[PDB]
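Let's look at chain A:
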Amino acid sequence: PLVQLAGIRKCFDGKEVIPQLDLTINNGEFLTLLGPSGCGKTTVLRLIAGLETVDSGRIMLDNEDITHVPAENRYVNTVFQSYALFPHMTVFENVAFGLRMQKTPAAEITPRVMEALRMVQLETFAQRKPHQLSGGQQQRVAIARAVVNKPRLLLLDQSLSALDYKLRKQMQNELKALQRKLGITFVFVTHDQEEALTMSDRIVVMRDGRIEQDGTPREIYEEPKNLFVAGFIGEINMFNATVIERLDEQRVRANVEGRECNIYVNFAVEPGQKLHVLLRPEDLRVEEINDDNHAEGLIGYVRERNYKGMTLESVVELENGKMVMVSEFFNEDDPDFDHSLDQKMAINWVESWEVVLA
Partner candidate 1 sequence: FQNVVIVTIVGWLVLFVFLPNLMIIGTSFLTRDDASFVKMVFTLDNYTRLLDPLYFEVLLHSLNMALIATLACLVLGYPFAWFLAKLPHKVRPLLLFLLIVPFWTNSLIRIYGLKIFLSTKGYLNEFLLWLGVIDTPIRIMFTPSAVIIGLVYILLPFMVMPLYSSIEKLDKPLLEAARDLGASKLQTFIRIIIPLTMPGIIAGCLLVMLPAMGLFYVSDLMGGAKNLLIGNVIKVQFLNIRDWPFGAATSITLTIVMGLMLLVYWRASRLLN
Partner candidate 2 sequence: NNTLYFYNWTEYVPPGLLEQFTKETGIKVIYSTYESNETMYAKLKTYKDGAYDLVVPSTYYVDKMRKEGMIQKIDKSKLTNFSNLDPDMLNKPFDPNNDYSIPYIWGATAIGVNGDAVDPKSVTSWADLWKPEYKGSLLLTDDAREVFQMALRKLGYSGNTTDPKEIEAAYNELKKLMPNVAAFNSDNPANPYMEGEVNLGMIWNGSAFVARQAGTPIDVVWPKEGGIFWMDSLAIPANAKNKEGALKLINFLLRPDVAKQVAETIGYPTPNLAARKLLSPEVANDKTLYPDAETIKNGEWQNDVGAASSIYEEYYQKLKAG
């Protein structure tokens, strides 16, 4: 363990933002905190960094208590959303600030700064003020400033949010490679789902100052734990179910949205219980019906279609009046296929690729 948190509380203007948190951070992992806007991720990041002081609890770093050490003495460095980047100093002095303030002997400042600038591909822009660089280069200067001091934990805070949609794809992989090459923990704060899924090795999902789920992306996307998590990342379809009778230990009989078929369930039920049915849009099969044979699935309709390039996404409406939003792929046996509007449809899923909740 690198950082242990024990019973943290923090209050702001009389309103609570962090009730209780116990969280452990290991050595050499890429951790991400994901949640809705303004849910106390920033406060936890600042407490680890040292820019705020706790009301109760304990923070430990390799078993040395750091609860009341000042911010300028910890070995944790932080990267900001707006790339702090003092405007009146060149890139070289911006990087060398930390070295100068820690009484580094003057013999080695130049090599260390140059190596740190090389880690991020900014060798040539060493004498250029931080207004004649572009956005990405400013991001890189901030990261290099953070890394040169050899910290034990890097905190990134909406690091890549202002950049366009191709530079973000490049820089996510760049950060992923840098983390492996260095060997120290990266804590990341984000509000986007795809970035959290693609860049991380472990996810902690937070809502209003409490931890909801904590695990690797496979676990959170495939086997959620409640309705907030299953619905925060990825689009999800919720179907209301009422149980009729049990068939065996793996299959159960129930009515869902007017049709009565069998749903796989793996917990104890009694007749009359209400259950929740969840399905991802990609795991849901669809087939047009023009003939009079209306069977094998719910009725539905189509109100909207969207050519995604790679995929095709439709919004359907059942007999009740609920949207299901199915997604489809382009295979060899079915290239170029398209829908019309108000085409009567037939919806069915793929036999045990669902999760059912209490």
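FYI, a contact is a pair of C-beta atoms (placed from the backbone, for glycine too) under 8 Å apart; a residue touches a chain by one contact, two chains touch by 3 or more; residues count from 1.
On how the list was made: all candidates are chains of the complex that A comes from, given by their letters.
**Q** In this complex, work out which of 1 or 2 touches chain A.
**A** 1
**Q** Using the touch definition from the top, list the residues of chain A that touch candidate 1 in their complex.
**A** Chain A residues touching candidate 1: 49-51, 71-73, 76-78, 80, 82, 84, 86-88, 97-98, 101-102, 131, 145, 149.
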